[PDB]
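Participant: Residues per chain are reported as follows:
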Amino acid sequence: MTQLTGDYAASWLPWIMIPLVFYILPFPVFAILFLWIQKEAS
Amino acid sequence: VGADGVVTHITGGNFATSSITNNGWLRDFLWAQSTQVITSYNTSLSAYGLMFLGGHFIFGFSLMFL
Amino acid sequence: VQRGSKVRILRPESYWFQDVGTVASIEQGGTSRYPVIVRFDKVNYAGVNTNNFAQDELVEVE
Amino acid sequence: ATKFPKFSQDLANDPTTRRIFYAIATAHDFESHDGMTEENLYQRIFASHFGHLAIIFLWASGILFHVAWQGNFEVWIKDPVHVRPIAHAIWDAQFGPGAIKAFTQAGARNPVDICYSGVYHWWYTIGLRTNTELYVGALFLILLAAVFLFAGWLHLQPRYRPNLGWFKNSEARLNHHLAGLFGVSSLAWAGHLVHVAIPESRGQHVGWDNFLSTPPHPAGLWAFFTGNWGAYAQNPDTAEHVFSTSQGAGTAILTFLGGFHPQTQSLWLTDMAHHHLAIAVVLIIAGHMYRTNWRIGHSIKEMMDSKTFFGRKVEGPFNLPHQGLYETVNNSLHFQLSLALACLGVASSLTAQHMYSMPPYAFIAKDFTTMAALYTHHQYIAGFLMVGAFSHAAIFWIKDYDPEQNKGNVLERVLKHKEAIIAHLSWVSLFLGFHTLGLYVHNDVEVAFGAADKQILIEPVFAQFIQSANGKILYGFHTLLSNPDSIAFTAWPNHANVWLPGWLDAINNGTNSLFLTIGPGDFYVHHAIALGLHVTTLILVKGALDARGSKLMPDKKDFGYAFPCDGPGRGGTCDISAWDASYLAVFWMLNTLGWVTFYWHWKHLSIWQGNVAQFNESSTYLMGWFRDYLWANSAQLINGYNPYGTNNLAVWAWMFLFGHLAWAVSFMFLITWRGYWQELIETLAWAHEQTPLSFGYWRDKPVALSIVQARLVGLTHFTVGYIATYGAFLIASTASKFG
Amino acid sequence: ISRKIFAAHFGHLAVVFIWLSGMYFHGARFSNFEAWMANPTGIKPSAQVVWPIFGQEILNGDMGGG
Amino acid sequence: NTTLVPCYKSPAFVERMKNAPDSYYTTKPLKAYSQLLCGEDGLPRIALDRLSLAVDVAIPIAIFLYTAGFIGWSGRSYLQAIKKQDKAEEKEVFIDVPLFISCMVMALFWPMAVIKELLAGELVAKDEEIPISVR
Amino acid sequence: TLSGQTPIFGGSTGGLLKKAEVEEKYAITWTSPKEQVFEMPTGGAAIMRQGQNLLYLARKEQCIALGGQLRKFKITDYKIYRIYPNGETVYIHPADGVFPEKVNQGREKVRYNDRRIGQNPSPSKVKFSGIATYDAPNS
Amino acid sequence: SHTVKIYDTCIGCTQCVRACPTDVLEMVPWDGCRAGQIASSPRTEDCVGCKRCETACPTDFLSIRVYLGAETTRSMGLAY
Amino acid sequence: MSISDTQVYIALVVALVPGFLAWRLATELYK
Amino acid sequence: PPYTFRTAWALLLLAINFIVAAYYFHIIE
Ligand code: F6C
Ligand code: CLA
Ligand code: CLA
Ligand code: CLA
Ligand code: CLA
Ligand code: CLA
Ligand SMILES: CC1=C(/C=C/C(C)=C/C=C/C(C)=C\C=C/C=C(C)/C=C/C=C(C)/C=C/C2=C(C)CCCC2(C)C)C(C)(C)CCC1
Ligand code: SF4
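As given, the protein sequences belong to chains A, B, C, D, E, F, G, H, I and J, one line each in that order.
Residue numbers for the first sequence follow PDB author numbering, beginning at 5 and rising by one.
Residue numbers for the second sequence follow PDB author numbering, beginning at 658 and rising by one.
Residue numbers for the third sequence follow PDB author numbering, beginning at 2 and rising by one.
Residue numbers for the fourth sequence follow PDB author numbering, beginning at 2 and rising by one.
Residue numbers for the fifth sequence follow PDB author numbering, beginning at 67 and rising by one.
Residue numbers for the sixth sequence follow PDB author numbering, beginning at 25 and rising by one.
Residue numbers for the seventh sequence follow PDB author numbering, beginning at 21 and rising by one.
Residue numbers for the eighth sequence follow PDB author numbering, beginning at 2 and rising by one.
Residue numbers for the ninth sequence follow PDB author numbering, beginning at 1 and rising by one.
Residue numbers for the tenth sequence follow PDB author numbering, beginning at 73 and rising by one.
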């Protein structure tokens, strides 16, 4: 075939979550996880 | 060169298309062109087969010191 | 343990533990806590063959 | 002074980039965190095991969910030999049309991955037949992971948090773990086999709404209590029984034929239920050995200090002084962790050595790539557990060992002669490498000059005696289960070898891996393997016994476990710590299992392709290992994508080359060392400060990463490159010749 | 120091002349140089023949011209 | 083991004889391989049966272990020969070949020498003679 | 405080960075009887002056690297200061005005253990305690 | 912030102080030596950790130990 | 017969229960 | 002193070893 499809149920769900957990969410996650490792102990 | 003028190269234009991926270097140059030193036992090229294994031993042996 | 006597080391931290060495000199001040200078035929590790010791961790062999 | 890391103060005030890194690598060494008591230590060990058990269960529910959702378990289960299991689907939004077409495989209508884990064969054997049964298993394991995440949170509340006396209650934990954790669980598993797996391998559907009504045996619950136990093995499955159907099926639920099911080429399910039933009873009995609070039992502390053998003066257990060992083992967590890893490292080698020879799951002997990956997985897992067993031996010697309690006991007698042990591992290693490399490269030279009949070929006539002592009539030793007239074959007073006709039918059949035929090529690799296990034991034993210190630095205990060196003085003390012997032995562990799995793979790749005479005639010299195994079987791996197309091995061809890069980049962290990189980073720090428009500036000074860290960063790349390269080789060289 | 440098060069030039002598001597009496002068296409260049011991006579491969 | 048969009766090994040049190497040795236990592939092998080969799995082992000890004994006895001379520091970098040869002729009958080293309690140094580490 | 004429030096790239005026900075001050040339610890060469010399260095190791070079010009009257960014200048070398190879009176045995290093306690003794095995108030 | 401890086995050979590139060590008067001196480490926040002092100590299994501890901005020698 | 469309979403909200119970425990172990 | 417990546990393991060789060399059945 010439596309990514899914015969499995809710085949629309990889369509959005592979972008989410791999190149949309990590930079927010790496920013939150950055703010935690570089906070003053005042 | 044959009896017409065309040139049949040793690997035949292999560099232009397959030397651009370094998987092509590993299969079309290292795996493919080592056939003569791999299949060299019981022939007159037998000593290059031993040197080719000998060089592999010494490289791995070096990593003890490194 | 006077000068010239072959003596054995009872110091576990030393390179020469349970090895013999000849005594080079004794300190007569009595307040140096390591008076014996004993000299060894084997250098320890990139260096000396001489070390200072107390009276109590030496035993003479001859 | 940053908040992170909060467990160690002096790393939080680190002004450089090593505090982000050292926080990661120290975050689980709870015994070294600031402001930690022993009471608080165990309560965080305990609560982080719950967080670990949940990850195992969430991982296991991910296996189940993805084959329920995206696998082909329903399609596969109708023909477990000719269709490939699906791991999960592929969503790579940057495939081309050539990769969609190539990876749309195994009857799928979308790109998929072929499962090489064998979970399809495991679930098919234990009685799972529908996707919904897999889905409710996935949902159950998610909720079962939830009750362990909650339990871990629960046991950090002050009213539920256990006290130190509860954790150091060794006799009560052994009693329950033997009787309940292993005994009851294996009793329960024999319950599943008897009720679900065995009946559903005979066709009848047993489920949660069904199992309470239909007994698994016609004589159920009464033959057991009367004592008429033989009723459970009256008519077993015949040799023409075909799996998961009623034709050829029997009614026996606990029968001990031995050998293999003739149709699945696996162990009988009825033979497994009887196994776990026997194991359970033995384990439950073993769990009533130590006194808890009923003054009938054993006390481990008193079993150490005992010095009276029926009135005879002895020094202790087996006439060896074990006094003070209870308080040594009990207070040491690294002693306990070292023993646990050493026992999983044997149980994981034993997993690999038995599941290829004696396949437990249905049709797994006919799935070569799954069978090959499962062996290499558990041997590599077992190699790491063996390195960590000896790592924590070295931590145990340094931190939680004292000469006062262990004065004169068996543990202190080892240190009295730690150089006699190390010198002898040095001899065996030197002996086994001179005469294995020397015998291989003699064979190389003779085959190289044509005289292949002048090879030194030593028949392994001792292992061939083992096979003849177990039933193999191939060689002709004709003794002791190869001799039908022997005392062992017949068991003259009782003749109760009910297991022997079935076993001898399997060992004497040549189509299985049970006690493979052994030749001169097998002799040499078992000495490479023996040389491998001896050097990597030498490195680890030297690192454990010299962890207290040797003449080069007699104070290693003060410096800790992982320190770089003690400067260039006294000749130079690079890699002197006990940590650097664990680091040095991972190379030898990876090397050794790169001989075990290379030998397992090539031996089976010759049997599987029918060319058995290729391994036997060319494994005796090292070029055959290099021409007939590495060069020969790389051909379809490296052609996973060529200029002319791309196929289903395009990912294995890519991870194969990925692992070559991850291996090569390890040499950077291992060959070039720290001070080169600090003078280069010091220069880049100059460039950044002096350049315009670069408005960023480091919160923490960039430094070249430390000495003991690069040894770990380079060891991770060597390991990842060792595993990605061979994982891609083994999968692609087996799943391309075959299905 | 400079006297050591200048004198050591002479002993080095001696070593190269020993090696150059070995090349011409092998080209003289251990080579097929006479045969290769006649037909320098089908005859392969070869000096340094190999003694018959240890089965290494197999390294004496055929060079053309016997 | 009975799979191994002599190269006298071995179809895969007479084939080795048939297509064999001579030159020095594949006739004089290859006749002598006819007396060896020979596999199902025409390759001479080292098996360990019983008294049939009990002398042949002792000729190499006796010849090696004697001359390995001969090297070890002469090398050992030359070391104590110069430790007592109190010159062993430079006696090792500059081999005293008349002393070393005289230590080799002591090493011809080394198996009976080691026994009276052992029976005199003189071969092996006592445990608190030996420099060790903290342990 | 500190003062002196800076040596003839064309300026380098190895000199002070942003750490100089933000965390702290060092100054070595020496007097020379001659107008000769010395090697810069930050790469290069500079000509030291005739009177009071002043040089600003990023870390203390450079100053004592240079100070060890001045002793090869027979100059042993150098003083090393530490300039905090707010501006006060501490005297840190030689701390008592005499060089540390010399022995004074009034200096104290600091971080001295009254035992052999061999009998430092085992790490199990200080288990779950603040101290390490090498402070170890026993002996 | 390393920890340069000095033990009673010093002989006042003074060599440890000379090797120190950062002037952490200095001599104080003592009585357990013919030299009447012993090393002390008053300036150990300045210790860079080079262990160059340990290479110079001639007493067998040397009297001065650098104990690499919490590494700070001046114990790692950063000019930036 | 593969699992239905709704059964995937049921697993999504069920797996949200150990998703928060992991937060329960990670923060209780004082990250 | 004469070794009585190290011996008779070494000679016991040789005994088991010699029994294994006895079946190996086709001596006892
Ligand atoms: C901000 C910050 C900053 C800045 C600004 O501000 C900067 C800048 C510069 C300049 C000026 C120069 C030039 C540039 C270029 O050309 O190229 C590019 C590169 C890059 C990197 C680029 C980058 C840029 C920025 C960063 C961008 C951003 C990004 C995003 C934001 C992220 C995202 C976020 C999320 C959260 C993830 C450079 C460089 C260098 N680096 Mg350098 N940076 C920095 C950072 C960093 C880090 C982290 C590290 C580690 C990795 C490094 C490293 C390095 C090295 C090796 C080198 C070199 O070689 C070079 C030089 O020396 O010269 C000469 N470095 N730097
Ligand atoms: C019946 C009672 C019982 C049961 C079922 C358990 C169960 C468990 N305990 Mg607990 N414990 C108990 C009583 C019990 N305990 C008591 C009374 C005490 C007080 C002293 C403790 C104190 C305690 C502590 C401190 C800890 C546990 C832990 C655990 C968990 C072990 C980790 C794990 O699951 O790995 C896997 C489970 C398996 C069964 C794996 C099986 C595979 C093994 C490795 C191989 C088996 C092969 C077999 C041995 C072959 C040989 C047999 C022979 C016949 C040949 C486990 C769920 C750990 C934990 O907290 O986890 C959250 C832990 O830290 N327990
Ligand atoms: C070369 C030796 C070797 C081989 C042949 C295998 C083979 C296998 N492993 Mg692996 N593994 C190994 C070494 C090996 N392992 C070692 C040394 C470790 C310790 C780190 C692991 C840890 C591991 C885990 C956690 C899992 C496996 C699994 C599997 C099975 C499925 C993966 C697959 O299809 O094969 C492909 C060939 C490979 C080399 C890939 C193996 C998978 C890698 C090693 C996982 C690495 C874990 C990593 C730290 C986590 C990723 C980071 C994450 C945040 C993204 C398969 C039979 C999976 C399984 O259990 O099946 C359901 C699985 O969950 N292994
Ligand atoms: C740990 C087990 C596990 C693993 C390795 C995977 C792996 C994968 N899943 Mg997931 N998934 C799981 C459990 C797992 N799943 C469970 C239990 C559910 C039921 C809710 C789902 C539902 C799900 C959906 C709907 C999808 C995936 C998809 C995928 C693929 C792409 C990554 C992704 O977006 O997932 C997203 C992650 C989730 C949806 C939640 C899963 C997180 C689980 C529950 C816990 C994992 C945390 C782990 C235990 C902690 C380790 C962290 C660190 C220490 C390494 C990938 C192969 C995508 C796919 O189909 O590829 C084509 C897809 O869209 N999965
Ligand atoms: C049950 C098993 C077990 C447990 C509980 C421990 C527990 C512990 N070990 Mg350990 N160990 C084990 C098994 C275990 N070990 C095994 C099997 C080995 C052999 C490899 C080791 C060898 C070992 C050494 C050498 C050391 C420890 C140490 C420690 C202590 C600190 C943990 C730590 O460093 O922080 C957390 C650790 C990490 C966060 C690991 C960092 C990243 C690693 C390298 C994984 C990287 C994988 C990579 C990302 C995958 C690639 C993904 C993809 C590209 C493929 C801790 C008490 C240290 C110690 O004893 O303190 C004094 C110590 O130095 N262990
Ligand atoms: C194959 C292994 C390998 C790799 C990848 C490198 C890479 C590098 N070396 Mg190295 N080296 C190696 C082996 C390797 N070396 C070995 C075996 C030795 C032993 C002698 C050395 C000794 C050495 C020295 C002495 C030096 C280097 C230097 C360098 C750097 C050169 C700068 C550069 O090329 O920019 C390009 C980067 C690459 C070519 C790495 C691969 C980039 C990939 C293809 C792109 C990645 C895509 C994306 C970023 C992935 C991130 C995704 C995210 C999910 C993580 C570079 C990162 C020099 C340096 O520091 O330069 C200033 C330096 O002086 N090396
Ligand atoms: C016969 C046989 C066999 C077996 C063997 C065995 C099993 C053994 C053993 C044995 C043993 C059990 C041993 C040992 C030991 C102990 C000891 C203790 C020792 C020693 C030594 C010494 C003492 C040495 C000495 C010397 C010499 C001799 C010379 C040189 C010098 C020296 C000093 C080195 C085999 C199969 C292989 C082959 C065939 C048959
Ligand atoms: S510590 Fe070492 S160098 Fe310093 S005075 Fe004492 S013995 Fe001499």
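FYI, nobody ran anything at the bench for these hints, they're computed from the structure.
Please note that the accuracy of each hint is not assured.
Beta-carbon label-pair distances, calculated as ranges [to be verified]: (1) H:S2 with A:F26: 52 to 58 Å; (2) D:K302 with J:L84: 53 to 59 Å; (3) C:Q56 with D:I46: 25 to 31 Å; (4) C:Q56 with J:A82: 26 to 32 Å; (5) G:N158 with D:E690: 29 to 35 Å; (6) G:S149 with D:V315: 55 to 61 Å; (7) J:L84 with D:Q610: 44 to 50 Å; (8) G:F148 with D:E316: 30 to 36 Å; (9) D:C575 with G:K92: 28 to 34 Å; (10) G:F148 with D:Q637: 55 to 61 Å; (11) F:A112 with J:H98: 53 to 59 Å; (12) B:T674 with D:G208: 34 to 40 Å; (13) D:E690 with G:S149: 40 to 46 Å.
Cβ atoms here follow ideal geometry from the backbone N, Cα and C, with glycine treated the same way.
Participant: All the hints need checking, so say for each whether the structure fits it.
Facilitator: Structure-based check of each hint:
no., hint, result
1, H:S2 with A:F26: 52 to 58 Å, "violated (42 Å)"
2, D:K302 with J:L84: 53 to 59 Å, "violated (30 Å)"
3, C:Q56 with D:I46: 25 to 31 Å, "violated (50 Å)"
4, C:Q56 with J:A82: 26 to 32 Å, "violated (45 Å)"
5, G:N158 with D:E690: 29 to 35 Å, "violated (49 Å)"
6, G:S149 with D:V315: 55 to 61 Å, "violated (38 Å)"
7, J:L84 with D:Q610: 44 to 50 Å, "holds (48 Å)"
8, G:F148 with D:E316: 30 to 36 Å, "holds (33 Å)"
9, D:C575 with G:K92: 28 to 34 Å, "holds (32 Å)"
10, G:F148 with D:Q637: 55 to 61 Å, "holds (58 Å)"
11, F:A112 with J:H98: 53 to 59 Å, "holds (55 Å)"
12, B:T674 with D:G208: 34 to 40 Å, "violated (59 Å)"
13, D:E690 with G:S149: 40 to 46 Å, "holds (43 Å)"
Violated hints for the displayed structure, listed by number in ascending order: 1, 2, 3, 4, 5, 6 and 12.
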